[PDB]
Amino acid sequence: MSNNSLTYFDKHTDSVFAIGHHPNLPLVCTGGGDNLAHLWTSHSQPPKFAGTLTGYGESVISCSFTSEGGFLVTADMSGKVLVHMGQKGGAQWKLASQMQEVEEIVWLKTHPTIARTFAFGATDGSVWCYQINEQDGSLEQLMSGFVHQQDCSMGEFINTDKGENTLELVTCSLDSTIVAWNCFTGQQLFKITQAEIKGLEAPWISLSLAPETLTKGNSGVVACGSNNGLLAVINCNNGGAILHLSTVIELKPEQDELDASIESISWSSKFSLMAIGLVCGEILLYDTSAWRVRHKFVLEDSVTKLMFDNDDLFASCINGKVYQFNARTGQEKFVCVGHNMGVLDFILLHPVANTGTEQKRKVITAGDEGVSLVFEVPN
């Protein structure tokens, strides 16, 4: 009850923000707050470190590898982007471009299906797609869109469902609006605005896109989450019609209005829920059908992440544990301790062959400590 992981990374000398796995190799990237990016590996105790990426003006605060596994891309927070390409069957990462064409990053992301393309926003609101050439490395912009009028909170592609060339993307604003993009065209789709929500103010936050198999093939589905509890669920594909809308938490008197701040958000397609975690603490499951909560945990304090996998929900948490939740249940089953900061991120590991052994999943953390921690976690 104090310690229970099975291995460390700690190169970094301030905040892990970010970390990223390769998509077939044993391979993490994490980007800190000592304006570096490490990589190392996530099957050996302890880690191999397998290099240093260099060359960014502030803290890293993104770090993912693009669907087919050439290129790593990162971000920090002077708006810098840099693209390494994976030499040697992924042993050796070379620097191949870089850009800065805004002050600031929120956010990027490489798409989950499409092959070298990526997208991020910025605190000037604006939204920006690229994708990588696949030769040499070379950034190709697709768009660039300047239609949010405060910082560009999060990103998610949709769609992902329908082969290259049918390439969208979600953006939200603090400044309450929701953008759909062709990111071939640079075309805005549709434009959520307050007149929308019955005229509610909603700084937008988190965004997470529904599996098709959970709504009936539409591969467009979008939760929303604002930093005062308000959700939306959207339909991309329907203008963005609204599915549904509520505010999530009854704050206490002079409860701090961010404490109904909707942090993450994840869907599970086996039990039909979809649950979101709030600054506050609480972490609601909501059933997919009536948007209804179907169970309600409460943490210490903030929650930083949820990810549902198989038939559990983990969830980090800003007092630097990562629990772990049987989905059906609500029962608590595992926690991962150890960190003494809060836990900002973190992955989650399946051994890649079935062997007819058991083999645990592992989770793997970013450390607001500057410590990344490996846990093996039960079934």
Contents of the next structure:
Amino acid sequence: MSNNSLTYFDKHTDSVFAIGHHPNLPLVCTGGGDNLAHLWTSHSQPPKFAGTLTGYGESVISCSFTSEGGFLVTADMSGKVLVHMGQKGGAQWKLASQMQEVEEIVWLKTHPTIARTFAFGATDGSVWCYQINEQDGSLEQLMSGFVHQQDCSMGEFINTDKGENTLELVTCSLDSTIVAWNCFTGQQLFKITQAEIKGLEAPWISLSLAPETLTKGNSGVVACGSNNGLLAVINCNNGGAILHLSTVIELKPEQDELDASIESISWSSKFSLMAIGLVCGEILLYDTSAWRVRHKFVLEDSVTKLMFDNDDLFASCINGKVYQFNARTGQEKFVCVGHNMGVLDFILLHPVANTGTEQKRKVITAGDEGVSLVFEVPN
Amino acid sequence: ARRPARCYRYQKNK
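In place of the form solved without the partner chain, output the structure of the form solved in complex with the partner chain.
Whole complex next, starting from this chain.
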């Protein structure tokens, strides 16, 4: 009822905005409004406090390990990107390189499958993709594109199962544009504008790549959500062809328009569902063939992040809770409680090996009060 | 110490 966490980490002295986890080591990085990133372990109670990264000029808003596990990439709201090289089996993380090419970074992601690669987008609309040198960790710019005319709100890599030379990225902007890039050449593969979405204003803020098994082999289907309730599902391998476009909620006159804002999108291959989470608290589960709502949840305040995992849909909320629903039946299986302010981000950890009988997944949060909580969740 | 734009959306821009 009050705090059902397993353990906690509370060294930040301001809101925790971002949380990331090493691909193979039991290592968390969190980034905060105290302009610091902290490194700590995910497999012990209490966590081991590994250490602290410094050098930021503002709040840390991304903490991303590279897919092969050699590097950690962090970004802040003053436009800095720092790259740290793992040392001593991952116990220490040493500054290798950094840059400050923009006024403010909105998002940064490492590539999920291609080593030593990341991209970021900025408030001036610009899009950047870099690699990290394997020998000295130096920054290698692949592209820098200035096409979006307002904040580049989000990016998502596509075609990630095609090898190390297929490096493609979709980005979106508050100016209603969506662009796909070949990151190695910097070329714009396609651009969706307002004129191609029925003339509608759609300040995009969320992107999520579909699982290939849901799309008959297509590794470039992306769902896009705007801050005014527009949902677009696009085929990035057919020039951005629109597979679906709809307004997902009709607000009452009294409601702030931001109530329709689509903050997070997640796909389930098993259930052929796509879930979207709104500022008004609605979580809408769409069938991915007919693009109709099949089920919905209603939280008492804004959704901050959604994540399908097996049968479950996990949903963090600005009321400080993380909900665990059975996606098909709707059962509230668990509620992670303990935060006294909102949950701003979270990660989900699986036991690495199927032992001989089943250990629990962990939800690890980033809290607005400066705390991360570790929860063991059912299944 | 600044807060990213999504935080202001969660709060509907207090």
